[PDB]
Each structure stands twice: as C-alpha cells, then as structure tokens.
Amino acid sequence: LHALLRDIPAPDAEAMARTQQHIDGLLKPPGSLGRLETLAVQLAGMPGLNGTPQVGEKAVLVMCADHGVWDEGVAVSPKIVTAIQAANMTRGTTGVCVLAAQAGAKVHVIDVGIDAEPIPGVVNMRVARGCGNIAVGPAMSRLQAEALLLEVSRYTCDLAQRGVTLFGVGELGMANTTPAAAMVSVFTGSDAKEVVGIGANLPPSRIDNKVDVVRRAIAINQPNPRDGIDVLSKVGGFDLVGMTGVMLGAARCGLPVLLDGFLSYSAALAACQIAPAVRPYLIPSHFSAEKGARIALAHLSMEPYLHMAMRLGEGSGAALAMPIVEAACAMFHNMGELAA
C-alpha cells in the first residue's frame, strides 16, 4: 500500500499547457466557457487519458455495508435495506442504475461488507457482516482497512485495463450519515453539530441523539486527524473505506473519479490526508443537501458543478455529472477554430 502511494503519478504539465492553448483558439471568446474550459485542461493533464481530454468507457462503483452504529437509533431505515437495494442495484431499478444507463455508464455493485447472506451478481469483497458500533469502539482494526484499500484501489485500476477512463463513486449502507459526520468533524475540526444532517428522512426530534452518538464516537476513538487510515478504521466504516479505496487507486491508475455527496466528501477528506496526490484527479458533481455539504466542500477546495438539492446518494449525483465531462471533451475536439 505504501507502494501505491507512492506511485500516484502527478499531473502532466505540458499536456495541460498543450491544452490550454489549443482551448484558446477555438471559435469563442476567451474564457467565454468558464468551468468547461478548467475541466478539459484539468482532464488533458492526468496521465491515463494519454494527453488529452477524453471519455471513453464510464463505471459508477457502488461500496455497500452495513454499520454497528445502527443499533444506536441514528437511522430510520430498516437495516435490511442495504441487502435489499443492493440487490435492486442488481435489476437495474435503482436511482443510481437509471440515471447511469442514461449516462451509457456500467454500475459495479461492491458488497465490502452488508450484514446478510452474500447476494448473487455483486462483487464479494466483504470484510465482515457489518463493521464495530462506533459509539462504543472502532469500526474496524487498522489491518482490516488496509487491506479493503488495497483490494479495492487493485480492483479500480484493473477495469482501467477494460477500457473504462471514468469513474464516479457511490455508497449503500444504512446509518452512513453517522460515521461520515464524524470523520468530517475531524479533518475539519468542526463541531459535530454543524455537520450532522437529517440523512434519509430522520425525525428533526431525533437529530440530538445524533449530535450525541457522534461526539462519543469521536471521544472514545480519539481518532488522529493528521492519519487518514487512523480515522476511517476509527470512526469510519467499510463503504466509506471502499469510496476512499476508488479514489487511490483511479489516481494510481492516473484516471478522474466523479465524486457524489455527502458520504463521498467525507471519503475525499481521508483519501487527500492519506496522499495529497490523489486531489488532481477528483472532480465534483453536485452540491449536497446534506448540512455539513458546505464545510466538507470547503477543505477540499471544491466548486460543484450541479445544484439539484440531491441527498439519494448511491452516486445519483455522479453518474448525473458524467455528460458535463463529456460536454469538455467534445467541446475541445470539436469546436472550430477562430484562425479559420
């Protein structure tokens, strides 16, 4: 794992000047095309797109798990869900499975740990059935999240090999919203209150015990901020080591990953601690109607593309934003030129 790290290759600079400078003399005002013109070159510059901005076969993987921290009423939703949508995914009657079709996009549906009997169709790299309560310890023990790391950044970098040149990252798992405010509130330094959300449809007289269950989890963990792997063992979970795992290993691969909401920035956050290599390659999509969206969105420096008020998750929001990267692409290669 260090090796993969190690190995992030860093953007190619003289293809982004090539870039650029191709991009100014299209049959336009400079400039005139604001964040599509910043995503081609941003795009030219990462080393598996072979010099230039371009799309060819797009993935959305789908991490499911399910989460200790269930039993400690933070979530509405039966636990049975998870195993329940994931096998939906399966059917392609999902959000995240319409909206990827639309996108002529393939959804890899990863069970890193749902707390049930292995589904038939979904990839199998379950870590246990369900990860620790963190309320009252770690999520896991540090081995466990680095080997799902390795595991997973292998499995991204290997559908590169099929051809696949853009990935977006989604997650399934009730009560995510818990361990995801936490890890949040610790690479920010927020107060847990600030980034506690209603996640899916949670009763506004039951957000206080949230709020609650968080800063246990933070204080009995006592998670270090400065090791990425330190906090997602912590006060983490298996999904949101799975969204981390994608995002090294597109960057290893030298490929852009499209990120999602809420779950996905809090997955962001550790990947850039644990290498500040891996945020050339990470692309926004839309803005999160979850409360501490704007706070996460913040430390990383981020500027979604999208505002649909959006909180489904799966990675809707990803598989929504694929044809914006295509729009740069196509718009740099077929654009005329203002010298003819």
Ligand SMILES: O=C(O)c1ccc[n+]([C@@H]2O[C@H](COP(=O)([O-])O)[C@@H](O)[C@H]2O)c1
Second form
There are 2 protein chains.
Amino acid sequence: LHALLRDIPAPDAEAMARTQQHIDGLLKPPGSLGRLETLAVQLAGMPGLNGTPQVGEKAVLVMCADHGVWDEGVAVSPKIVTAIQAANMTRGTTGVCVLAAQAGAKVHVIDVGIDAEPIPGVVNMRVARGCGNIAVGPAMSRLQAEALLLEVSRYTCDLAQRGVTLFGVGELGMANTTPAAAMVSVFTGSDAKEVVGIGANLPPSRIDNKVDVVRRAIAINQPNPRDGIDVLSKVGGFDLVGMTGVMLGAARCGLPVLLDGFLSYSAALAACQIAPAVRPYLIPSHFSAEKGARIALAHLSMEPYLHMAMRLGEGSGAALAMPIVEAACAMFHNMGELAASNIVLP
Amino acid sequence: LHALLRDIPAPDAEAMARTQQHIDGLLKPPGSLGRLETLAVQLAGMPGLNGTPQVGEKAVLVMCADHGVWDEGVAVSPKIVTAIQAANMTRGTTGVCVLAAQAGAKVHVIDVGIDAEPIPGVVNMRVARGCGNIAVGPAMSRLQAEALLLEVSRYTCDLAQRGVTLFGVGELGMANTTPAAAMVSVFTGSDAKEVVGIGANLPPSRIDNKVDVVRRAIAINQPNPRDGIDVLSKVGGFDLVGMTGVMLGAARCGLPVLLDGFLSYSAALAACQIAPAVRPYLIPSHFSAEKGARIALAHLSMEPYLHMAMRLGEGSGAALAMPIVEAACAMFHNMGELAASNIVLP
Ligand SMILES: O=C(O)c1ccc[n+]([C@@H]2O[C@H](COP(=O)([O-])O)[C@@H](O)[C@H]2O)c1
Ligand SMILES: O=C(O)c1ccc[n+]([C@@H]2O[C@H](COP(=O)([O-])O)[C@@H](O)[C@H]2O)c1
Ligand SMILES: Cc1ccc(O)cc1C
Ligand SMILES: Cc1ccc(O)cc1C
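Could I have the structure of this protein in the form solved in complex with nicotinate mononucleotide, to go alongside the form solved without nicotinate mononucleotide above?
Every component of the complex follows; first up is the chain already shown.
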C-alpha cells in the first residue's frame, strides 16, 4: 500500500496549459463557460486521459456493507434492506441503475461486508458479515482496512485497463450515515450535533440518540485525525473504506472519480488525509441534503455542480453528473474557434 | 393574442396526484430523490405531456437580434458578432450547438431583428434591422411587440405538433444584457446598480456608464411595471420579446420550457406578468454568473439546478439541463417498487 500511495502521479501542468490556451480561443467570450472550462482543464491534467479532456467507458462502483451500529437504533430501515437492494442492483431496478443507464455507465456492485448470505452476481470482497458496532469499539482492525483499500484500489485501476476512464463512487448500507458523521466530526473538528443528519428519514425525535452514539464512538475509540486509516478502521465501515479505495485506485491510475453524497464526502476526507495527491482527481457531483454536507464540502474546498436536494446514496448523484463531464469534453473538442470566424475581442 | 392568453391550460392536479403516489412507492426512502421527484410531478401536470413525465423530441429556440443601445458603449463585442454567430449556429460550431447535440436536441435559429443582410438557413421573423436605442426612446412600438409574440407563440406550439415535448429558450445579441437589466430593475423594483452586470466581459471601468444608460432608459420611457408588454416594447429588445413568445407558446401548448441565463430570466419575468398561468410550465436550468441573477430568480421564486458560473447565453444552459429532465422521467418509469421487494418502511 505504501508503493500505491508513493506512485500516485502529479497532474500534468503542460497538458493543462495547452488545454487552457485552446479553450480561450473557442467561439465564445473568454471564461464565459465558467466551471465547464475549469473542469475541462482539470481533466486534461489527469495522466490517464492522455493529455486531453475525454471520456471513454464509464463505471459506477457501489460498495455495500452492513454496520453493527444499526443495533443502537440510529436507522429506521430494516437491516435486511442492504442485502435486498444489493440484489436489486443486479436487476437494474434501483435508482443508481436507472440513472447510470441514462448516462451510458455500467454499475459494478461490490459486497465488502453485507450481513447475509452471498448474493450471486455481486462482486465478492466481503471482509465480514457487517463491521463492529462503533459505539462500543472499533469497526475493524487496521490490517482489515489496509487490506480492503489495496484490494479495491487494484480492482479499480484494473478496470482502467479495460477502457474505463471515468469512475463514479457509491455505497449502500443501512445505518451508514452514523459512521460517516463520526468521520466528518473527527476530520473537520466539528461537534457531532453540527454534522449528524436524518439519514434515510430518521424521525426528528431520534436525532438526539444518533448524536449521542456518534460522540460515544469517538470517545471510546479515540481515532487519530492525522491518520486517515486509523479513523476509517475505528469509526468508519467497510463500505466507507471501499469508497476510499476507489479514490486511491483511480488516482494511482491517473483517472477522474466523481463523488456522490454525504457518505462519499466522508470517504474523500479520509482519502485526502491518507494521500493529499488524490485531491486533483476528485470531481464533485451534487450537494447532499444531509445536514453535515456543507461542513464536509468546505473542508474539501469543493463546490458541487448540482443542487438537487438528493439524499439517496447508491452513487445516484455521481451518475447524474456524468453528462456534465461529457459536456466539458464536447465543448473542448467540438466548438469552433474565434480566429476562424475573424472575431477579435479586447 | 387575447385568445392565446385566455386559453393557457391550468396544470392537471389529478395527474400530479397519481404521479406523486407512484413516486412514493419506488425503491427508495420517500422523498430521497428530492428535486428530481418534484420535477417529475411538475411535468406530469403539464397537459401536453399526456398525464405522465415523458420527453419526446427536444428543441432549443435561439432568438437573435441587434440593439440600438450598442451605440451607448455598453458592450465590448463588435456588433457584427450577432450576424456572424447566427450563421455559425447553422454550422453547429457554437456552444449551444455542441451542448444541444450532446442532449439530442435540435437547435432552431431565429432572426427576429439582426442588423445585417438575411442569413440563409436561419428562420426569418425579423421585425427590423436592430431595435431602437432604449437610451433615447422605445425599442419598438407596442404593435410590433404584440405581433412578434403571436408569431413566435404560433411557431412554438406548431413544433409541438411535430413531436417536440421539451423546449429550451436562448438568445444571441450584442448589448442585450443592458435591456435585460432595465427590465429586471422595472419588474423587481431594484436599483439599476444592483442588477447591472459585466455581460460579455465589459471592463469594470465601463460599468458606471452601463448603469447610467439603464437609468436613462427607464426615466425616458417610463415603462409600466404592471404591463409586461409595455416594458418589453419600451426597454426590451426583439430577442427578449421572442423568448417571451416561446414561453407563452409552450404554455398555451401545455408543454415545458427550460430557461437559460440572465436574459431568459428577464423574459420570464415579463411572461409571468403578462400571464401568471405561464409559471407552472417554466423549469430553471442554471444560475447565471451575471450580477442581477439572484434578484431576478428570487422574484420568479426559482432555484436553478446547475451552478456552473456560466454566462454565455445562446440557450447553452438550457441544453445542459435537458439530461436532468430526462433523468426525472427515467426515474419515474424505470425504477422498481418497494412493495415488489417486500420492503416496508415506517
Ligand atoms: O448519499 C447521501 O447523501 C445519503 C444521505 C442519507 C441517506 N443515504 C442512504 O441511506 C442509507 C443511510 O441512511 P441511514 O439512516 O440508514 O444511516 C444508505 O444506504 C445511504 O446510501 C444516503
Ligand atoms: O445568459 C447569460 O446569463 C449571459 C450573461 C452575459 C452575457 N451573455 C451573452 O453575451 C451577450 C450579451 O452581453 P453584452 O455585454 O453584449 O451585453 C449576448 O449575446 C448573450 O447571449 C449571456
Ligand atoms: C463574442 C461572443 C459573444 C456572445 C456569444 O454567444 C458568442 C461569441 C463568440
Ligand atoms: C430503504 C432504502 C434505503 C436506501 C436505498 O439506497 C434504497 C432503499 C429502498
């Protein structure tokens, strides 16, 4: 894993300069396509894209796992929903499936720790049947977190060898906004009350308990904010570790990764703590309706493109933003140039 | 035109209720797809869509015209750019062309008043070679504004008979953020300084003059805020009137219209003043980087989906949002249902 982190490439400033000059000469007032222009330049700097903003095959990786903290009464969805929904993912009837189909992306469903019998058709990388209840101890051992990061990182960059140039990250796991909140609190130094949300429709009256659980998790585990792996293993979950793995893998591969919602923000904070070099490869999608989204995004210095009040998870927001990445590429390659129309601007 | 306004249909509450019930039963926590859900219900209520959120053919109508106020030094782009860019529209090299192609939409370029010889391939509805300079008098006569509204409204609903179910509105015209600002000031009661922006890269040092011009336009013409046609004819432009026409026409046709940027907001304010019944058919796209966007959107009670710092115009933002409308339809029709998976939630 040390080799992985060490070999993440820096962005190509040469390709970015060439891209910027090309964009400035297109048929429009300079800077007028705003963040679409910035996104094109960002893509051009990613080594896996071969010096130009382009999109080949697209994949959304959905990390599925159960959480022991579900027993603390922090979620209203039956625990079995993780297993049921994971199977639905193989049938194409879920939210991320429908949105990925619209974007022409393939969904890869990965079981990194569902508490049920193995599901045929789902990629099997299960660490255990659900992680430990973070309210009374760690979610997993450091060894388990490291092993899963390496496994997922390898799977991710291996897809790159099959033509994938754009990744979207997602998750599925009942009770997972609890460890996500714990992680966000630890990494940002914000009090649990400011980052704990209603997750999947938790009744307002049960929020107090959820906040109490997050605080106990942190007090009991004492995760070190300066060690991303320590935080993930202590107050995270297998799904969260898996998402961090996709980000490290895509970065190693020099390719872009679209974030999703709140859960993905928590994983991104961990990934950036572990390897700051991962940051230039992350692209935000939407602004999650979860209470702690604003704080998490502020610490990542990210401004999402889409304001849809979405809070489904599954990688649904990442899939919805794929057309925006393709639009930036289309602008770059297909627009005419000012000079060719003899248009001169101040 | 009185008949047109009188016959705009009210939204179908029955279809909307059926849509809401269907969305609540899909495979996800209730309300979790947020504004995508609200958008689907909004679409279901539009009579031209036949009781369900669906998208058939898509068209972006780009209204092109020149403005006499260009002579007041309020724009840095050469006046001939309107004519040049309008021809580029027929070649598919412009920003809206490239983005519409990505969304599978056709672009219709309409000349409603370019100050140049007619351009082959562009739809000809020219009122005159540029409108009057609003700094010294009206842009056009009330008769001219009314005639153009009716003509464009008919053209728009006629496309509906050819399979178009989703419209996007756009414009092209040097100096047009000046009349747009004047209109926004009149309709919202905001001072010109709060709504006048840099348009297509106007140097910060020339802003003062642009603000002075807007104030003179309003003082000299005395447009009546309660009469949308009066405002359009006095301090508007042919392109702005044309955009208002697309909105009235789509509403009469019971079909959705996606707004674009600042210019489109000014036209929407006029359209809603003329006929409040038009409002349920308007769908925002992006949040224009123009200074007066926030005020204009607040008065329309609209929150755009996309935050791209875009300020190109041409209907580029409307085209970029078309995939979002298709996503809401895909969610509605393609997602599985909770009951079918035996999932019961509180
Ligand atoms: O992605 C988000 O921003 C998001 C926000 C709130 C809830 N969720 C989803 O709902 C689940 C977590 O909610 P909960 O209440 O069980 O902690 C999990 O399967 C997520 O995919 C997802
Ligand atoms: O759509 C917007 O929000 C927008 C904001 C600023 C400038 N524009 C475009 O630039 C032109 C107007 O800018 P200007 O400086 O000549 O008033 C016109 O052709 C518009 O399409 C468009
Ligand atoms: C200069 C300029 C202004 C507005 C446009 O839509 C396009 C161009 C090229
Ligand atoms: C209940 C529930 C929770 C999260 C999902 O992604 C989907 C469903 C159906």
